[PDB]
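A.B. asks: Below, each chain spelled out in residue letters.
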Amino acid sequence: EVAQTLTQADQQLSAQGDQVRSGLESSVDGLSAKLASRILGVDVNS
Amino acid sequence: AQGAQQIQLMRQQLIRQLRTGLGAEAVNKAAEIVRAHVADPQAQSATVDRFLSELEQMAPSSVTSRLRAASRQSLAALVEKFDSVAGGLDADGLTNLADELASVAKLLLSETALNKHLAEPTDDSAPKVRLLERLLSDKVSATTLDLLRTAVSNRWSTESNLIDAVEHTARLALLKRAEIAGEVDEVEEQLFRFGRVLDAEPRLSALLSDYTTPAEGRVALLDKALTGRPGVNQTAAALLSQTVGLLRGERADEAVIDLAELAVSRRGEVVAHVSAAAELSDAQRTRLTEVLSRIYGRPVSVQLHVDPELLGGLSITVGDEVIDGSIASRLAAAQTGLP
Amino acid sequence: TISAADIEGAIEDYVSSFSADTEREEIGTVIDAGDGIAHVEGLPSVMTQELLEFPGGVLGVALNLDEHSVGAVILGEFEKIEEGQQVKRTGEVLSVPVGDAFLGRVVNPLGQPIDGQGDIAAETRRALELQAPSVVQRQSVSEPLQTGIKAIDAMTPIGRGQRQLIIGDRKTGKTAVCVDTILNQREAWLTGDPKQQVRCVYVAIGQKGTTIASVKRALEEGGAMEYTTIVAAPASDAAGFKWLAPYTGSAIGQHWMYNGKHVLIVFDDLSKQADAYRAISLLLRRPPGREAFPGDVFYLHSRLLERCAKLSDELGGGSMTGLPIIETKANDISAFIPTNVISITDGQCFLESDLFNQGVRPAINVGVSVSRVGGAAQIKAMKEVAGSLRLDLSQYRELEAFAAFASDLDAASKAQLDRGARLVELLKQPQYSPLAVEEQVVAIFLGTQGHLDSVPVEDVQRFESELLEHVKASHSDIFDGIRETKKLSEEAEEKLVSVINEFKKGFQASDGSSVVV
Amino acid sequence: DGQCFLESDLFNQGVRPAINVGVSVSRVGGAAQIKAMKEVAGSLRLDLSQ
Amino acid sequence: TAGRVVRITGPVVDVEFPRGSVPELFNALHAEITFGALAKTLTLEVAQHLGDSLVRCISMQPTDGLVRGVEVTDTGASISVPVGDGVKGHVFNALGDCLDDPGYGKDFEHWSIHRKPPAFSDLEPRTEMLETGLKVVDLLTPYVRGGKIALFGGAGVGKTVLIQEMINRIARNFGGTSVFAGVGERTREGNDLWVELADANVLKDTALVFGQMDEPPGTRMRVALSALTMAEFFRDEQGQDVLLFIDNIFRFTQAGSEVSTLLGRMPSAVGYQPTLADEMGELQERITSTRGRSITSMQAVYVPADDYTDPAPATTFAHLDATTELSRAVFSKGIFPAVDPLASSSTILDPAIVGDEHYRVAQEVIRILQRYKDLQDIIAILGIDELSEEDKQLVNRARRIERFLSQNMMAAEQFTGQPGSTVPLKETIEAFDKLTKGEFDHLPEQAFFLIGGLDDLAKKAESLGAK
Amino acid sequence: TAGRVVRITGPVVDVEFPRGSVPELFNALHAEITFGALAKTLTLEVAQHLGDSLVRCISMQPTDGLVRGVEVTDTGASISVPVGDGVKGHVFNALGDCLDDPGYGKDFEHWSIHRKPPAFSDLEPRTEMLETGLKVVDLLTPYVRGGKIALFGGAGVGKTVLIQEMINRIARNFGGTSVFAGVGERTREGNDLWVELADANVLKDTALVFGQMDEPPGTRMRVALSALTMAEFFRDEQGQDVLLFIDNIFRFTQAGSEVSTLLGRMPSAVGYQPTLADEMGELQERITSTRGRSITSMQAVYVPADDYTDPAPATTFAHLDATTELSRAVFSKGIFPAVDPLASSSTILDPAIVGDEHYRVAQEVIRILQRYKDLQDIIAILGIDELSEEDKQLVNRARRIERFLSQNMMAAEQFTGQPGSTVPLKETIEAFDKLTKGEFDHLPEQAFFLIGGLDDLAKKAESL
Ligand SMILES: Nc1ncnc2c1ncn2[C@@H]1O[C@H](COP(=O)(O)OP(=O)(O)OP(=O)(O)O)[C@@H](O)[C@H]1O
Ligand SMILES: Nc1ncnc2c1ncn2[C@@H]1O[C@H](COP(=O)(O)OP(=O)(O)O)[C@@H](O)[C@H]1O
Ligand SMILES: Nc1ncnc2c1ncn2[C@@H]1O[C@H](COP(=O)(O)OP(=O)(O)O)[C@@H](O)[C@H]1O
Ligand SMILES: [Mg+2]
Ligand SMILES: [Mg+2]
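Chains A, B, C, D, E and F supply the protein sequences, listed in that same order.
Under UniProt numbering, the first residue of the first sequence carries the number 121, and numbering increases by one thereafter.
Sequence positions in the second sequence follow UniProt numbering and run 100 to 162, 169 to 444.
Under UniProt numbering, the first residue of the third sequence carries the number 5, and numbering increases by one thereafter.
Under UniProt numbering, the first residue of the fourth sequence carries the number 350, and numbering increases by one thereafter.
Under UniProt numbering, the first residue of the fifth sequence carries the number 8, and numbering increases by one thereafter.
Under UniProt numbering, the first residue of the sixth sequence carries the number 8, and numbering increases by one thereafter.
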């Protein structure tokens, strides 16, 4: 029973992880801009 | 319970994997964004100015090595004697003295037996001095005789240190005549440029460093290949030719860099190899020199080493200590600092 | 279900606070590298044992400080080192994170988890070379550390704060003894009282990874993994990790011990650490001595093992008990490293292949095994019942040559022989089956009070177990009395005798012989 | 590919050649013998060791 | 940007490169020997960075005829070998060059022979018996499917014969792929194994990688890594159970020692390299099963001078799930396979895995044999008549048990003309239970020598005039 | 004039000094580790003059955290330890620092730990016996005054109680003091000994010097010299009889071997330092009698692999004057001290030294005990009744003799209320002469446990 629960949870979480990867592809621009602003020492809009 | 725990562990394993992926793509996009923004020269200048401002807020710090005690002390004595001699000798006599000392040094290097006899530590100075006159009492001028007598009257941990000291004295004489000419900055720049090009051309440095071949051939090659050009200081070329002629078991570009370091140390400065991402401005150059002097106290001579990979800031390195303001270093830190 | 709020939260927090301002760094350059050693010119102000960062996230330890360069031991991925690389000095000596969050986790000698279970929250950091408790910061060892093994707990008792060496040839059961101890600590853990709980640290030096996984699985089965930490330096790890693993385990245990907790630390095994340290020393061109070891291998192990101590009540009363393991070859305890460790530790449990093959398991040679702490590490009931075991066993081993001549033996000597046979059968114990101290007391009481004289040898073990079951099933008050008073009262003794007699009336020997009276 | 161990104690006992059967061995075996010799001497070495 | 040879001393070569062009550690360099008789292309492996742009390297071929100053070309990568299903049925050398069909596999995918071991979180202990049909092995040191098995023993005690027996018994009907690594062993044996696998129809599923004892130390050092890389590709990429046979792994260690002192590192105890345990650990830890991916590895471990305390076998012992220790004393008695039951061990010989009856019978056999060993000297001096009656019975039982532990192996017919036999595990357990209970105490001990199961025992006893 | 660190290789430190300020060999130098976690002051003992103003030194503390170039100061003298009556009742280390009370003894007179033995002309040529007052030791294995006694004993045989007894007897009878030198001392056992000596109230009579397991080899090598220096002050300056305890001397030898290996010296046979015999002589030759006063030493000796021909025990036994075996059998029989009367031996049990009557009685006792030992196995396996009548008479006499070899020790007072006893040597001789003659066989065995002379024997007899 532990093995079957493990495999079903594995497949479901892999599916939802791919879904969350699709979902999180959006906000990358803002985070990358924030990081570039922090490293450069001056905020850059792009 | 362990099964549910395994579910939770795998869940957060996936969460960590997704976080790593998001961080990687975010830092890659940030690298691209900074690369796009840093193309403008105004961005270069702004980054350098910000790094200068950061340095000005940096709290001031406070802190040849291969010579042992006896050799180092004897070298100190030899340079002490040389300064007194050269002060009265003046520039033309300095030229003659440097040439004579270089010839004496190459003779000593050639005659291993004579080097060993003059190098073995001894209590007394009368025998060594007496042999010095018996060898070259009249061949070379009095100043060279006095300097050589002082050199051999002291103690050296190893015989090679004697030849090193004589070569150092000759280099000091050439540098002193350059100072008399007043074009010291010119020779500094020429020596650093020659060191840079020799380093960038390891084939030529290796060919010169082959001391097995005759010295005359190597010096002729250097004259008619690299150091002989219309835009070359005569004294810097003379120094380079002297060091290569006397070179033995030493990296050529390293020898040139040592000449440059000694030349800057003549006035007490400290060489700071500042590697910026673009040519600096006069105001920026002066500000950088002043801030480095304040941080390290002693006056600093800044040598610029332009490079594109730096992307900004200044990757200063002085005295085995580095202040790495490089933007590329910041990108590396951002990438590697991710979970 | 993986929410997308935390995924973005982690990265946004990291980037928002990515303050990477500049700082002055002392630099050096790799001038040569080979066999897990790198020589680095520069770094004038580096300290002995200082951690050094090489490019690519590689780490080394400055061990040889010379006027020319610094010889540093690379702690992993040595193949990335190249001549000319820039080396930074962290400004710190070796240190490891420490905290309660290291329970249940597998880490490497730097404290980094390798079980793949995520991060470990560190309560603080601790340097690996902090000095041991001074001669005036300790108190006498007086608290039993129950291993659950009758042989050790009766013949070579281990007290809290003691260093008991487990020494023997390969495949003699050393790891079994150590894991049995770790499992036996489970009831103490469940008590919840820190004055009874024992946190366990298992340092695995040089073992193949699947062996460490097997040990972890065994600990999981017994529930010991809730109070156990494993510091793993598998065979594939750099010699630096193999050399540092016991010190990492010791630092974690010391953090627990200085806060009033009681710690049991197992080193499996110190001989592999000594081999790794010898490798490093030879690669650093340090002078070799006997067996090519450096001049400070004894110092290595002695400084490691002197940190296991019983602190005085002023410092918190905590303790750390060491169970170093030593593997001998051809039962040669006079080799260099076995000699050093035998000198360092308080007592020794000598495990022998011949005893193991003879069926004596655990294969502890009670003749040579000693515990210098002795009765101070035993409860009163155990000290009383086990008092006669040593002499009985010695006399039996003397008389074993006369096994077949029992007619010529005087009554007393034949009684000695038979009692010794029963007692040897008594000390046997199956793997992964530690016994509570009260159970051990009752079993030893059976053996030494002559209650086994009517049972055949071949049945003794079985008899014992069944009796221990019977009591626990129906007369648990004896176990209570023993556990909560640490002594066997007269009324409890007589009740136990009556219970034994009833059970004997009930017991069925293998051959059908009556074991009554 | 095997060895013929010769022992002085066997030599002095009269066993000439002084081949120690128990530890001497050929790693090719019957492949290096004709069929008849392989048939007659199939297990001679094991017989003598026993 | 090419280096030049500066020093040549046997299998070690120093190479000077231009500054900034120094090859990374373990990079493969090429040098040319142009002497007509010995003309070839040396492959050098970068072992150390000596400083001043000099690198010390280990040559993979004899350096005979090499000249100081010749051009050394850096390939920019480590020694790489072909990987894929195409390597099955072919014979390769340590460098990945096919010997049976030269030129084969050059277009395949290539994998570096230097690889990190699996992460700890991926390791899963293996407990599943691998029945072989050998009484002694199946009873006292049961093998683990997916686990690590070693055959220890001195020179010429039967390691190679037992390896061939296991190839016959395990690899013949194995579903997945087999990889055999001849590591510093005899070329004749390699050719014999090649022909035997081809004739048994097993070659098409097997990849052979040979570095013989006649090769330089570098080849003997890296052949194991090459074969292990092929096996690792099969385990990780193709996803099928793998059989890995290594003979002899000790040679790897020996090879390193042969060059260690030439590489500038001070010798350790018994003349071994200081890095003995670390190199062995890297190699061994690469040889393992991971969760869901199985490699059954069987290694023959030479034991120098029969000395089991030697650093090499002593260090190897820690890496094994099951060990079969072959003994010179058993060999000299004529007992084959020359297994020392008292010294051999297995991690799955416990009642949880092998069952209560198997464990009980094995323990009883071991106890009887240990007592017999203890009484052997007394019997030698005082004679057997001075023992107790129970000790006499035990001695008779132990002699019969040790005879019955011997077996006529399939691979041993060449040495005896007697066809081999296979005994099921249940029959072995029952037979040894009967032996320990004294059921066959009446039969002559010679009836128990080199036979199969109980039916063979009855037939041989009848042949000797007993029932 | 201060030097600076040049090389650091474990406990070995190379130090460079100005041209004419090089420290003398064995000088103590002070360096500083400033790193907060490991901050300390390193004591470096100068070991070699490498030339060119460099000296190679052994660090007495771990060098972790030490930086190149840090200042090294020369103290101008070798390791010095405090001396005087004020060191008694206190615990010091090899460097003279007080452990139980840091800073204690810093104002005391300080003596260099490197001293020569008494001049040959100043040595007391004639061997003398030390009248301890214990029957077994006085009779069977007399201790040489100013000599060396090996002590052998496993755990739980009363070795600590015997040490306490020796401290008590030297303090009480001879008016002397004791110095304990724990070489390679386990910290747990050092703490236990400190507390136990405090409990027995003999700590005031003893000075403890501990060089512990976890210290680098240098301190473990020099701690014996430090304790010897304290004892030498007590003898030569205070004019006292001193008893020096060394535990374990083999660990002093092993620390010497470790230091020699660290300094690059080629090992001699069996891996020991080339100067093993010279080091042991430099140590043991300072333990002697001179000017009427003496240092007597009782030393625990470890024998590697039980091989008495091993270089370390072979060298040590060249200096030992007596040997005292503690037996678990005798202890289990309740006889205290649990001295094995047969294995224990003394090199002055000779008619030339102890006299004819003493030697005769000792030999008779040894003969009786030996033949009883022979009968032990027969009695155990076959029973006593199997023995002859002469054999049974001898068994009775030997049992009585071995019980009378027990004694009520002063140290035993704390455990059992009865106070200890001192038996004059002549009384012991006459008592054991009577016992060997059978003049007490009629009395029961119990009368012979833990009593003193014949008066106590009689009085306890009328108590039975
Ligand atoms: N009390 C016991 N009863 C039965 N079998 C035991 C017992 N203790 C250990 N064993 C078995 O003995 C074998 C060796 O045990 P273990 O691995 O603990 O020994 P070791 O000395 O640590 O071995 P190694 O040299 O492999 O590290 C294993 O099969 C283990 O199951
Ligand atoms: N099962 C066996 N039956 C009979 N003879 C054997 C058997 N095994 C080995 N031998 C003999 O012992 C020799 C050594 O065996 P082999 O495995 O080739 O050497 P090693 O033990 O060095 O690998 C064989 O050549 C063979 O003659
Ligand atoms: N003469 C004696 N009288 C009473 N008790 C003793 C005597 N001798 C020894 N003992 C007891 O026996 C134990 C022996 O331990 P110890 O003195 O430490 O010897 P060891 O150091 O050899 O173990 C002590 O705890 C002590 O209580
Ligand atoms: Mg183990
Ligand atoms: Mg073979």
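No lab work stands behind these hints: they were computed from the structure.
Hints may be right or wrong, so weigh each one.
[Claimed, not checked] Within a straight-line C-alpha distance of at most 35 Å, the following computed DSBU-like cross-link-like pairs (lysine-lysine) qualify:
id, chain 1, residue 1, chain 2, residue 2
1, E, 123, C, 84
2, F, 399, C, 333
3, E, 211, C, 175
4, E, 211, E, 433
5, C, 387, F, 433
6, C, 508, E, 466
7, E, 444, D, 387
8, E, 211, C, 432
9, F, 123, F, 466
10, C, 432, F, 166
11, C, 432, E, 123
A.B. asks: Now tell me, hint by hint, if it's right for this structure.
C.D. replies: Evaluated hints:
1. E/123 / C/84: With a Cα-Cα distance of about 13 Å, the restraint between residue 123 of chain E and residue 84 of chain C holds, given a limit of 35 Å.
2. F/399 / C/333: Status violated; Cα separation ~48 Å.
3. E/211 / C/175: 39 Å, violated
4. E/211 / E/433: Distance ~33 Å between residue 211 of chain E and residue 433 of chain E Cα, so the pair holds.
5. C/387 / F/433: Violated - the C-alpha atoms of residue 433 of chain F and residue 387 of chain C are around 43 Å apart, more than 35 Å.
6. C/508 / E/466: Status violated; Cα separation ~48 Å.
7. E/444 / D/387: Given that 35 Å is the threshold and the Cα spacing comes to 39 Å, the pair is violated.
8. E/211 / C/432: 52 Å, violated
9. F/123 / F/466: Not satisfied, since the Cα-Cα distance of roughly 52 Å exceeds 35 Å.
10. C/432 / F/166: 33 Å, holds
11. C/432 / E/123: 43 Å, violated
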